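What follows is a single chain, given as structure tokens, in the form solved without the named molecule.
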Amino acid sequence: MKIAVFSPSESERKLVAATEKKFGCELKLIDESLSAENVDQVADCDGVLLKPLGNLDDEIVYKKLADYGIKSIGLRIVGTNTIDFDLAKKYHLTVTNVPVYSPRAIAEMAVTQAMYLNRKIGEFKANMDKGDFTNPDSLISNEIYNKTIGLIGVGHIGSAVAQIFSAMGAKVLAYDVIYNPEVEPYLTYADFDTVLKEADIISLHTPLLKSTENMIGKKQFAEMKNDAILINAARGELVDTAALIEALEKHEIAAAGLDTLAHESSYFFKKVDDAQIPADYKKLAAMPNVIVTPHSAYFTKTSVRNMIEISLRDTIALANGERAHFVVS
């Protein structure tokens, strides 16, 4: 049982030994992701784990996989769009994926950003950098249990946000289109308008769909409380960035924590020069009441381990024609 691993990250490499032992298999790590140019390297292998940078679009790959007895495409991510299903069907190559990495990883980054912004630590730092070490009333804070949290969408990640906040004593409201009895201990469902008007901290947990692009814009910011804090660890495209920047500069909201931004593809996950960084990011990055992280909410030891292990399990099951949890086909 030798499984090829394409496009391993530094963090995934640290796990290979442990992983090999636990699964009784060998991992063959290959530095680039899978192309026509290096597929010839699964020959001595019984399966493939993928982290595709770019679309898997040219058929010499899909065919040559089947030539070697490969039956499955084990994506180490949720993201499916990089796989041309037409081809996969064409070579009885199942696709697996990793739908849930660690919902607490993302929930905890959201809560963390919200707390820091609530305590205005950045605004204190910007004051201090100018030699102002006072406690002006404009930097006063409050305990989390005096806050209302509002969730737009819930899911596994929102549910974990609600659990955390409600356990610190906060009131958590949520708009959603589906009803889940299991999250009732931790939040109260309410319609969208109420969530936006009443919440002191608002966090996005909606999927990106054409109906949700820009669902947070000028009109929503105007509805928000002026001291509200917006967090978006879901999808950059949910929020109109210019509307956001302006709302922050107008003080129609108080702060924002973003793990994701529209057009992040140009720069997130890369090294770049100054001329490569867009101007909206530079504006947000200069504000003491804004956090931007490079889509790293997921980035814990647990998520990294699960991405590797979940995908590997499905992928070995399928090598043994055994059944698999996260087929997508």
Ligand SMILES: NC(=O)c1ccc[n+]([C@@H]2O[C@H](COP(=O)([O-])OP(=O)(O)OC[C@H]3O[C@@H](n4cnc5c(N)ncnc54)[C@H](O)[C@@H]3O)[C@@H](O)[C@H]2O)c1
Second form
Protein chains: 4
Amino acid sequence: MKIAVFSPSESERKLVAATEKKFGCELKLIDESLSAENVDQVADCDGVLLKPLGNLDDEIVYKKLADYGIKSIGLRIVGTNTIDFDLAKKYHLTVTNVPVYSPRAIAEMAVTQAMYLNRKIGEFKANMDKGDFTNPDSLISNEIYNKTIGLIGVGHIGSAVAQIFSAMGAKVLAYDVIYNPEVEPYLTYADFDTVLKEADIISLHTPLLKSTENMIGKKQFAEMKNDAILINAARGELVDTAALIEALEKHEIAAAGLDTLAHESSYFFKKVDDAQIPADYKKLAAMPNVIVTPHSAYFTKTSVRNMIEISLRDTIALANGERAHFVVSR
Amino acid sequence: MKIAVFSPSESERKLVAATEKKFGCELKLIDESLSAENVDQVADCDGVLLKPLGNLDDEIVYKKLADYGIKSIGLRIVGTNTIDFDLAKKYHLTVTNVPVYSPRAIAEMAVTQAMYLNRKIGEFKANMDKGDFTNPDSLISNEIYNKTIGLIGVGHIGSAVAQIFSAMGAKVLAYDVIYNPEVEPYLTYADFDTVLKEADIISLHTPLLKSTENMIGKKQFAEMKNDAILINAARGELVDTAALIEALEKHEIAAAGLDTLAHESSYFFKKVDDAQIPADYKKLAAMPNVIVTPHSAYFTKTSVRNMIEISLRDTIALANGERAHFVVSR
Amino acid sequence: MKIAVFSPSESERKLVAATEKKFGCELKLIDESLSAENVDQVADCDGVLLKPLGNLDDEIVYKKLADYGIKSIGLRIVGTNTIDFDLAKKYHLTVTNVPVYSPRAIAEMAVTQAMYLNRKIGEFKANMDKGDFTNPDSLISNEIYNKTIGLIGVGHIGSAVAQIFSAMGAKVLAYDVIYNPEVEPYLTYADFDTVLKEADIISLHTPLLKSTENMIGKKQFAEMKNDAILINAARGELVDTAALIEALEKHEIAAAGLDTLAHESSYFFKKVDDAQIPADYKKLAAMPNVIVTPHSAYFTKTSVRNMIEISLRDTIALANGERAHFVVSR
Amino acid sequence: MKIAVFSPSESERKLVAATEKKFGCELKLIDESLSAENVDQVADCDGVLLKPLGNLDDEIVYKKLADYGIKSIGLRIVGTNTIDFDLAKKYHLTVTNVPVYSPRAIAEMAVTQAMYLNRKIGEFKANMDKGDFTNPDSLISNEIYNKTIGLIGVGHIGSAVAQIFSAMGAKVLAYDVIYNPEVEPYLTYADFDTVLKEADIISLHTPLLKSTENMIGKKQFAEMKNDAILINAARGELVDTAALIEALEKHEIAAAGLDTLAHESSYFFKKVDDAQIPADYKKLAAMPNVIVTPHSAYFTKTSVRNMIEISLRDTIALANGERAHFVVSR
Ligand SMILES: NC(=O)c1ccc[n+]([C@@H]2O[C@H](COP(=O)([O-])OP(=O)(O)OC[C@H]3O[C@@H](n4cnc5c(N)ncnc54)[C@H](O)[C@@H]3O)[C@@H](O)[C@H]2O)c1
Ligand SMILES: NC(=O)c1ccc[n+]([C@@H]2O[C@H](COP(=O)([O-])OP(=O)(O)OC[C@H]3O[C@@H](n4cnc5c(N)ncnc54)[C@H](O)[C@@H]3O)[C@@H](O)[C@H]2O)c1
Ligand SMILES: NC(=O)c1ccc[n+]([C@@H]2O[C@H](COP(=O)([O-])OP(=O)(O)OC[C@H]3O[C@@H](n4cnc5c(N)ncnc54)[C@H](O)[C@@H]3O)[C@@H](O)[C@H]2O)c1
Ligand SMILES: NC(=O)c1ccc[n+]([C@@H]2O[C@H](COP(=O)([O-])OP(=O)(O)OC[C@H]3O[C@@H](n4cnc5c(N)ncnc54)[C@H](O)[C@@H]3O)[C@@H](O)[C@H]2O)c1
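Okay, that was the form solved without the named molecule. Show me the form deposited with the named molecule bound next.
Expanding to the full complex; the earlier chain stays at the top.
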């Protein structure tokens, strides 16, 4: 039928025809995200796909959706915080989401950042920018199969990181609160401290909770090997940025790959002026042994494709009164 | 026994003591390369270990080796272009080398640079510098298991690139003029032209011969995919640098990672002033979709140790009358 | 505390001390499974672990459990059919289970059987038993990386089979009703018929439903490649045994590995006399190109360990009024 | 051109036509091995392709080759023990061979037999025959990623066994007298004795020399784990068959898979009567924890094709004056 798609990305636009054909449906793209202003635009539609910028706070929207026969909120993301479930239940609109879009995409960004820093390519470049094309011992590297990898958390994504590294021959240790037999071939569970002590490469794969805010701080960097490489492609708030920067400057660790940062929402996904970018980012950005990507581990064709198709699939099912995989409503 | 060592790296120095214990021999360390000037320091030595800066022109050195009972010359490296094998023969100096110190060192540089450029991490950084923290579609990436790898030449190193990439799920194609059943679990043989046409990532592993100089030029960039990544951790002269720069500038290929570059001799392995760095490097280094490392793919602990411990071991054998594994002709 | 363990296996007995220590609890093993007769034995216990032979039909058991403070039925299996949930809810006894004990154990049995039949070791043995130590062409094999694998269903177990085979270099196709991004690196989804047509090795990984009873029958064997190898380490009822036997005898397929068979419960896990074993089994047993194991893909140390520990873990939690992973009760 | 072929296998016959087209040459097929009796059939031939049953004793054959312009002798196999290299030299017959036709053929036999015996599939069958369909603890297995593999010798084949096993998650240890950096991602080097002590699965990949005959005897079985699996797809004479049988009978090791056996010449590759089969084979074949295959680890399509297409290719080159890759000394 006709499904409204709000807040389409440049990348989602490229998929529309394929998607229309595959699902035998029409997509109606609207350039802003859904809000009391432009809800009058789903009148001609049977369902709705959202990428909310900011909260759906008012109920004039939640009502007018019900009026037009819409029975679902189809989210093209994992995050649900913009969705007032108070109102959702009230108007009988269920909510679907997209939790798993591509674990390998994030995983591969993690491994990639780790590789580059291990090989010290940025430091070399910094050396070269100043005229130094030597091979000093300080920039000596090592084969990845001589490395121990430490995962904090596993999940779909950590599971994938281990698969990859273990496939290159590295030894992989993980701390976790749940035991999962699936990953045993690829890693060995150990506890938190042995993992911080013995890892050459550490990568974060922990959900953000009040209990894990700042779980990597000054104490942990000191416990880490001085030539270790931290990677955080999980949640910025897991790491104490200042403790990081300091650990970096005092050489208590060797490098870092960050696809997330605390207080990122202020500048990530945005165009901005110098005066708008925070100073901690600028510090990390100026370091040849640091990578920062703007939270784009996810950003592959498959992630983008799946974000559309999984959300559409569920949303159509609930337009037919059929059953949808990824509810979050009862 | 005592084996002399010429012109070690500062990281070669770091292993010395460990090597002495592990072999149970002494290592008379001389900073500068062997010459008529320092040849007499070998008097009290059994065998010799060589890293020649330059051609070994003088003959009075080859005589004096054989007058000191030196029965072989142990290249720590793979090159031979300074050994006058004619003089070696008269003085009955058998000549060993190290051809295989760490294929995976180099394979991993090549993989590492491919993944970084695939994830377009430097293009993201180039944006972030100008205030842009978005995810435009021009920087969308892909999972490695959706890419095709094309190898020109295989060899020890290429074989290793194929193992790793195919272990991450990629299709690996390879062109070679010699068949090796060993590598078929990891790749599929194809014609040169089909490799260029079909490969998303192309990595060169072809020796520099007279018939392979500028093997990749204008014609061949023309034949590649326009989102292709070209990796050269082999020999700079395999690639026509102007053809490459033009191809990059015109977006006829997507990225390149080069550990080696035509005309590098003049500045690789040196400290130099802006004026001494060529203009073709300055262009490449300015491109956020390019990586240049200073021929450091080899540079791991493992390599540095093997450069020493493999030469030593054939040098001690030949001194004891035994078999060396890496004797060399012409 | 003290947890009763009913119907302990010989293998579970070997784990008890380790388990007691790890969980800081006492295990009380009872040789029969739980029944109205011996329920008076959990009086001294705080929870209960079951391996039911046959249905828990009567409620004298379900009551007397409640009387003694027991708040859970802790199953050391996946199957719940013996559990009268009518009565469970009635006595406020929740039910836990063990769905995932070791996917790799089943997966590895599958791969193993497949390998052996591909290499034709049994046919060779049959040849040898008669005095033939030749290498006839009919018993020529091939490298596994020249093979295409077909999975019907994926799941945890199929996912694992693909990982392994793909790691050996084989091409892996799967049909499935759900899309799972996790397995894309290891297989390629295709539809049912292409998979039956193009696979050299096919393995079943489909749950038993009325819709999948006999889904492999005469029609399918005919569609399969004549030199293909079917493996069923899923559910016996998925395959039409007579259609199988016939396909085997007419050489419409080449071999089969079966850890399950229709009407197995009559003899599996049992000691029996010749007159007690069915004729279809005896036929398949007499074929050198057939393996039948008595439903023991699961049977490793890890499966057995996990079956105990996962069921104990949950069961203790519910003894404390804490939360248990694997409920099946509401 | 025309190349004669002597004593092809019936599976060698099957490839002939395909080979002719792929090379664009003829293949004059002669059933029996080259002799003074059939040497004259080569008159109209360019080069020759050899599978000698026996010693090439006569000299008048070597003369007549060189009178027919035959410049080389192309062994399709790896053996040389029937080539009188002395006579080859006078007649200027350069002598090629095939040492590397398919390392993975054999590696995969070795892996296949290890997994079958680890899963104890034959011990289960031995039980099922006697009416027992249970899962006693004496037949419990384990996941491959919990086992340690020990390789005595590496080589092309051993290297392949290490790749596969380490790709399934196992720890691989190897003893060798030569260092190869290439294999370090897949295994870790150790002493001979620590390999025997620590390995759950042991696979031999050591050439039969005078110094390796009965390399595995009573002493060494004594040193192995008592649930160890010994795999010999190398050369029978590496193992003391009586020591092995005694070790099995006494349960000093857990299983063995042998593709090769001391004194096999007398019955491997033949059809024979009970009376002609030795008693040490009869014992082994009776053990459900043993596998004997008739030296067929090599036997894949790929091998058979390479035995022909690698010899052909060096034989055509040498006939055209070009370089052969597998010329042989002594
Ligand atoms: N940068 C990105 O592009 C991006 C995108 C999506 C998700 N993420 C983040 O990456 C993480 C990994 O994703 P996933 O799908 O593999 O995870 P998941 O959410 O599927 O599973 C989380 C896992 O973390 C572990 N864990 C739970 N509590 C923990 C604790 N207190 N301490 C340590 N470990 C704990 C458990 O193993 C659990 O299974 C997510 O939690 C999310 O925060 C990042
Ligand atoms: N960047 C570094 O740090 C570094 C250091 C040392 C060596 N290298 C280079 O890495 C490269 C890969 O090494 P390798 O072990 O594969 O080399 P190798 O010498 O072991 O074999 C190279 C392969 O190239 C193939 N080849 C030959 N002629 C060819 C042609 N005309 N076209 C295509 N292929 C051809 C050969 O079959 C051979 O198998 C080599 O060129 C080596 O010089 C790089
Ligand atoms: N022999 C043994 O030792 C043993 C032990 C446990 C389970 N099993 C069997 O093996 C199977 C695989 O286990 P698992 O944990 O990987 O699976 P699972 O139960 O976790 O998942 C089942 C999967 O099968 C697929 N599927 C569902 N319906 C289908 C249909 N109609 N046609 C084709 N495919 C469909 C889906 O991908 C689904 O995810 C189980 O379903 C079970 O029957 C065997
Ligand atoms: N069963 C079959 O079908 C079949 C067919 C052909 C060959 N093979 C055999 O398979 C075996 C493995 O082949 P490969 O390619 O590894 O052989 P290879 O000749 O390539 O190398 C064998 C390795 O054994 C090592 N070695 C040498 N002396 C040793 C000693 N004293 N102790 C321990 N190790 C030592 C060497 O370092 C060498 O690396 C060989 O013995 C070969 O004869 C079997």
